[PDB]
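Peer 1: In case you want the letters, here they are:
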Amino acid sequence: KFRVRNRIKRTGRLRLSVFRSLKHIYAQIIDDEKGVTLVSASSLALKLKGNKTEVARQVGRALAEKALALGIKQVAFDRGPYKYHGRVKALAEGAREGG
Amino acid sequence: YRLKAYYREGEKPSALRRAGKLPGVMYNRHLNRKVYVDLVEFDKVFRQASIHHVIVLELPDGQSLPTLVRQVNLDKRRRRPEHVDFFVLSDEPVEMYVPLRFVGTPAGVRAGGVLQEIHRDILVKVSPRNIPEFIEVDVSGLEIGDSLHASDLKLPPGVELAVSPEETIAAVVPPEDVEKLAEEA
Amino acid sequence: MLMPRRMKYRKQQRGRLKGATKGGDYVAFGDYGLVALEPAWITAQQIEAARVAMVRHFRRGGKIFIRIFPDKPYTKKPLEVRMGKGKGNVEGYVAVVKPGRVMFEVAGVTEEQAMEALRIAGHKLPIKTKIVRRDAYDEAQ
Amino acid sequence: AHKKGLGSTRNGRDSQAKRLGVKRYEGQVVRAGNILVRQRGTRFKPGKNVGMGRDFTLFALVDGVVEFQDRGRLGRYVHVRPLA
Amino acid sequence: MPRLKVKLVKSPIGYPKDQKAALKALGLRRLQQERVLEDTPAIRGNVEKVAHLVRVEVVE
RNA sequence: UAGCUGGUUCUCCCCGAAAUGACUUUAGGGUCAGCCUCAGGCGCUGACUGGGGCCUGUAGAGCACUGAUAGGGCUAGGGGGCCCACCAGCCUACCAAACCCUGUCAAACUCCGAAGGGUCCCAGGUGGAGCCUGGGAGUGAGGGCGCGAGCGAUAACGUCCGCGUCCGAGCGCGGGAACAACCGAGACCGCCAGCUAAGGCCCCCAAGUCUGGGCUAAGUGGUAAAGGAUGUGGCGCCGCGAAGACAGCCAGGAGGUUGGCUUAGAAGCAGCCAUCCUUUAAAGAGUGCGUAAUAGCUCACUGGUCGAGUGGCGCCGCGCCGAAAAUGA
RNA sequence: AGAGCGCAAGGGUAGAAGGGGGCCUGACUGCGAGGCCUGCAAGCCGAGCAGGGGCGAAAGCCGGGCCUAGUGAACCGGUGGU
RNA sequence: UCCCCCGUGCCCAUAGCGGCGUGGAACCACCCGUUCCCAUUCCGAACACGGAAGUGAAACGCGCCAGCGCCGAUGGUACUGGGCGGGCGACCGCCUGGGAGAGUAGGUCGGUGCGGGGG
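Residue numbers (the authors' numbering), protein chains in the order written: chain BS, 11 to 109; chain BZ, 3 to 187; chain BQ, 1 to 141; chain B0, 2 to 85; chain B3, 1 to 60.
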């Protein structure tokens, strides 16, 4: 309902397929084509913390290092209902350079 | 009733036809060989059949099996059968067209009126253990404009239904004369 | 007779008419029937001529059905003109009928009745036809 | 002879047929700036180094060879893939 | 692959240009011209195109 | 001046066209490419076809878009009445939105969708294939047959397009009786030599009055239809029948009755309905003629005689009527 | 997807081209690889490049409009500049 | 190695509908507060920022059914390259290959790889 493929306006190059839902933050970074993923980092689904906004911060930056281990530099935050309230982890400092 | 059968090989119909054999296919659930019969007795016997009566095909293979008809493609040009389909029977509730015999001479009828032959042959789900012969249809009390349909018909104890049932099986229609020369206007 | 009162194209090109009925040699209606033999148009004038001769001969008769329907625009140019400059005129409203097509059928008649009737009715049309009963026609919808 | 009232028309007017169609297919090398699909609506949607313009026209961005694809709940696809 | 062998039986004058292009693709000159040939679905189809102007035999 | 008419001169040799697309004060002229020609260059490319990859909505056909479409059934509203108001009922051999079913139609409808054409890839294919530059052209009224569409009237030795070809330029050859384009078939020349194509073999006129069996009685053959008939051959179907039939002949052929309804009358019998019951072995609510309507005659039906086949319905091949215009067949 | 998508219809579209708001002004400048098309001429398509500009958190889009109609070579001259 | 779920993607409806059964222990979803970030041509519905008690109906995940819906063999035919007669035409026939949809049989409510958590 937010399709439009915002992912088509993200088919540009290199993805960061995620989704947010009540308790867990599913911050994943995905190599496309074959859809072979790579870098995951979550709320307590990574066994980190319990508030999404703080987690986000820490998680993104944790995720940063993960990306920076596998020769990863830039993608694009993937979500249609994203709205973008940053969660200023905003996977920008979190590896990507982002914004 | 009885009819002959022979296995088709795969020889082009053109010959089989032009000689005197009537080409066709038979099947059941998955089986699907090819066959042929002979026009004359085939024609003569089919009149006492269609998807109203059951047929038997004896075969020089050591096996004689009965079937029901189904799908008959024609020549269009010069009008006559040129191919037949025969579904092999079973005993598991099958669906096809039972004949409805019109019965009753009411008010639509007699006082002019013509019956509306809609569905003599009707789609019903009857177990091939039972065989509904000639399902009677009550006309005994109907007048022009009205009709008859649905479950109003005879539903034999060994036969189930599955059409609508809404579908008007028959009705009565007004006659014509020189009154449509007034319509001519 | 009969036709649309407003269809889609006043004019349309003649076309080619070879054969195969396209569909319509069984029944589901009448008990006797009349079926064509050549690939031609049948004129609604001739059509109603048949309808007449029919219900005409057998008065007080039941119901007859016409499976066909005259919906083909004939292009008739004005009389004494010259070549080109236009086309014909929406005249001759007719139908495309090929051999083996049930033009029209009777139900509720009598044997010899349906006979002589459809006999004459067919004798009217710009061709010749077949007078048929009802038995093999069963199934095909 | 006698030729009374006749008439005219209004239809001696036709649209100059513009050559439309698909030019290059799988098996043909197309190198950077070669039109290969002429169309009006999206009869052929672009993709892998394929391109579209200001009139729904597919062409070549790479020095690659064409190939096709079918994606029902999306459309018809052309993908001009090159070499590794 | 066996050897094919064909003549020319029926005049070229008044028939399709494609078929005549096949007649060149064989080398078939004037009427009555016995021709030594090699087998291959290509030339086979080429010759099947003229299956009326040409006498057929697979000389081995 | 003359985009027009006309003339345009010796010999042979090699190849060999177009009688379109665009634009034109353009339409029977023209410049541009296309189709021919010579020179030189480039080398298996080209037509053709085998496989493979993909582009395609014509035919058919279907009815899911869209229109049309018959027929029924259902049913919003509406025709109208009975019938009230807080508002409703109810009914029909009426009209009709839509829907369901019954079939149905279409170039500008399209769910399916061929044959086919198209083009790239690998492959063969040596041919007055092909590519490339360069000088010389002419050609731009074309026509017929072939199928596929328009137009005409599913007329025109009509015109309009497309693929396909013969002419033109093959009126050089042989069939086609004669005939540019139908069939067959590409002419360097000679031959008092062999085969063979198309047609053809009784003689024109060259070759079988060969071979073998089917149809027809018309000169059909030797050029016509819807339609028509106990023409003739062959096939098939349903009774009749040795319990006894087709047909002929003898006879019975009846009673309510004048069926009722109509009608001046309608009595089996000018017409609507109908749509019996009985004496009987068998005889009708009648099949024709006839009557003013009755009358009569009469067929039906059933016995007597009889003595062997008979009556009808459909098909296929060839025929016959259908069938008249002009110097002589 | 029968709505709408200026206007005719075709094709197309709700994984937007439709409709609502915010900043704007890429109906950008110097060039154009290579293709459509084709008698010439004219028309059609556009990557990328560099100057700078707008929006976007970004990835990124922008050389007018969902496209096909809205057009006139040249000779002459107006007008501002080099 | 695999089970259940979450994030995800590919096949293009035999993947969809509908009816139904089941799960919340991590999840998902409703839920919860509307101070804060934030927005609605009006709505804390929506997007939100902060989250204890609860819930498994609704959201959805898995299962059973075909009634609707989608697929559709196999016989035969349509039409057709190419070849060849017959008819005044309108049109019909034969071989050689090519081969539909119409429908009957029957099929089908799923197929599947990347990543994550618990066991």
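Hints were generated in silico from the structure; no laboratory data involved. Please note that the accuracy of each hint is not assured.
Dumping the calculated PhoX-like pairs for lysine-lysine here, alpha-carbon to alpha-carbon at most 20 Å [as the list claims (entries may be wrong)]:
{"no.": "1", "chain 1": "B0", "residue 1": "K4", "chain 2": "BS", "residue 2": "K19"}
{"no.": "2", "chain 1": "BQ", "residue 1": "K87", "chain 2": "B0", "residue 2": "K46"}
{"no.": "3", "chain 1": "BQ", "residue 1": "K76", "chain 2": "BZ", "residue 2": "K78"}
{"no.": "4", "chain 1": "BZ", "residue 1": "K156", "chain 2": "BZ", "residue 2": "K182"}
{"no.": "5", "chain 1": "BQ", "residue 1": "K85", "chain 2": "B0", "residue 2": "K46"}
{"no.": "6", "chain 1": "BQ", "residue 1": "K87", "chain 2": "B0", "residue 2": "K4"}
{"no.": "7", "chain 1": "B0", "residue 1": "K49", "chain 2": "BQ", "residue 2": "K77"}
{"no.": "8", "chain 1": "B0", "residue 1": "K46", "chain 2": "BQ", "residue 2": "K77"}
{"no.": "9", "chain 1": "BZ", "residue 1": "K78", "chain 2": "BZ", "residue 2": "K23"}
{"no.": "10", "chain 1": "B3", "residue 1": "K7", "chain 2": "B3", "residue 2": "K49"}
{"no.": "11", "chain 1": "BS", "residue 1": "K59", "chain 2": "BS", "residue 2": "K44"}
{"no.": "12", "chain 1": "BQ", "residue 1": "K98", "chain 2": "BQ", "residue 2": "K77"}
{"no.": "13", "chain 1": "BZ", "residue 1": "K78", "chain 2": "BQ", "residue 2": "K85"}
{"no.": "14", "chain 1": "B0", "residue 1": "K4", "chain 2": "BS", "residue 2": "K44"}
{"no.": "15", "chain 1": "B3", "residue 1": "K49", "chain 2": "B3", "residue 2": "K10"}
{"no.": "16", "chain 1": "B0", "residue 1": "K49", "chain 2": "BQ", "residue 2": "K85"}
{"no.": "17", "chain 1": "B0", "residue 1": "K49", "chain 2": "BQ", "residue 2": "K76"}
{"no.": "18", "chain 1": "BZ", "residue 1": "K46", "chain 2": "BZ", "residue 2": "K14"}
Peer 1: Run every hint past the structure and note whether it holds.
Peer 2: Structure-based check of all given hints:
Of the supplied pair hints, the one linking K4 (chain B0) and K19 (chain BS) is violated, its CA atoms being roughly 71 Å apart against a limit of 20 Å. At most 20 Å may separate the alpha-carbon atoms for a hinted pair to count; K87 (chain BQ) and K46 (chain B0) exceed this at roughly 44 Å. A distance of roughly 32 Å separates the Cα atoms of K76 (chain BQ) and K78 (chain BZ); the hinted pair therefore is violated under the 20 Å criterion. A C-alpha spacing of about 37 Å is found between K156 (chain BZ) and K182 (chain BZ), which places the hinted pair above 20 Å, so the restraint is violated.
With a C-alpha separation of about 46 Å, the suggested pair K85 (chain BQ) and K46 (chain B0) falls outside the 20 Å cut-off, and the hint is violated. Of the supplied pair hints, the one linking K87 (chain BQ) and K4 (chain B0) holds, its CA atoms being roughly 16 Å apart against a limit of 20 Å. Between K49 (chain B0) and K77 (chain BQ), the direct Cα distance comes to roughly 59 Å. Violation of the 20 Å bound is thereby established for this hinted pair. For the given pair, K46 (chain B0) sits about 49 Å from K77 (chain BQ) by alpha-carbon distance, which is inconsistent with the 20 Å threshold.
Between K78 (chain BZ) and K23 (chain BZ), the direct Cα distance comes to roughly 19 Å. Compliance with the 20 Å bound is thereby established for this hinted pair. Taking the CA atoms of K7 (chain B3) and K49 (chain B3), the gap is about 14 Å. The hint holds against a cut of 20 Å. Straight-line distance between C-alpha atoms of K59 (chain BS) and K44 (chain BS) comes to about 32 Å, which puts the hinted pair past the 20 Å bound. With a C-alpha separation of about 26 Å, the suggested pairing of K98 (chain BQ) with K77 (chain BQ) is violated against the 20 Å cut-off.
For a cut-off of 20 Å, the pair hint linking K78 (chain BZ) to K85 (chain BQ) is broken: about 42 Å separates their Cα positions. For the given pair, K4 (chain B0) sits about 79 Å from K44 (chain BS) by alpha-carbon distance, which is inconsistent with the 20 Å threshold. Restraint check for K49 (chain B3) and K10 (chain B3): the C-alpha separation of about 13 Å stays at or below 20 Å, so the hint holds. A distance of roughly 55 Å separates the Cα atoms of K49 (chain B0) and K85 (chain BQ); the hinted pair therefore is violated under the 20 Å criterion.
Using a Cα cut-off of 20 Å, the hinted pair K49 (chain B0) and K76 (chain BQ) is violated, with the two alpha carbons roughly 58 Å apart. Distance hint between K46 (chain BZ) and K14 (chain BZ) is unfulfilled; the C-alpha atoms sit about 25 Å from each other, more than 20 Å.
Going down the numbered hints, you'll see the structure goes against 1, 2, 3, 4, 5, 7, 8, 11, 12, 13, 14, 16, 17 and 18, while the others check out.
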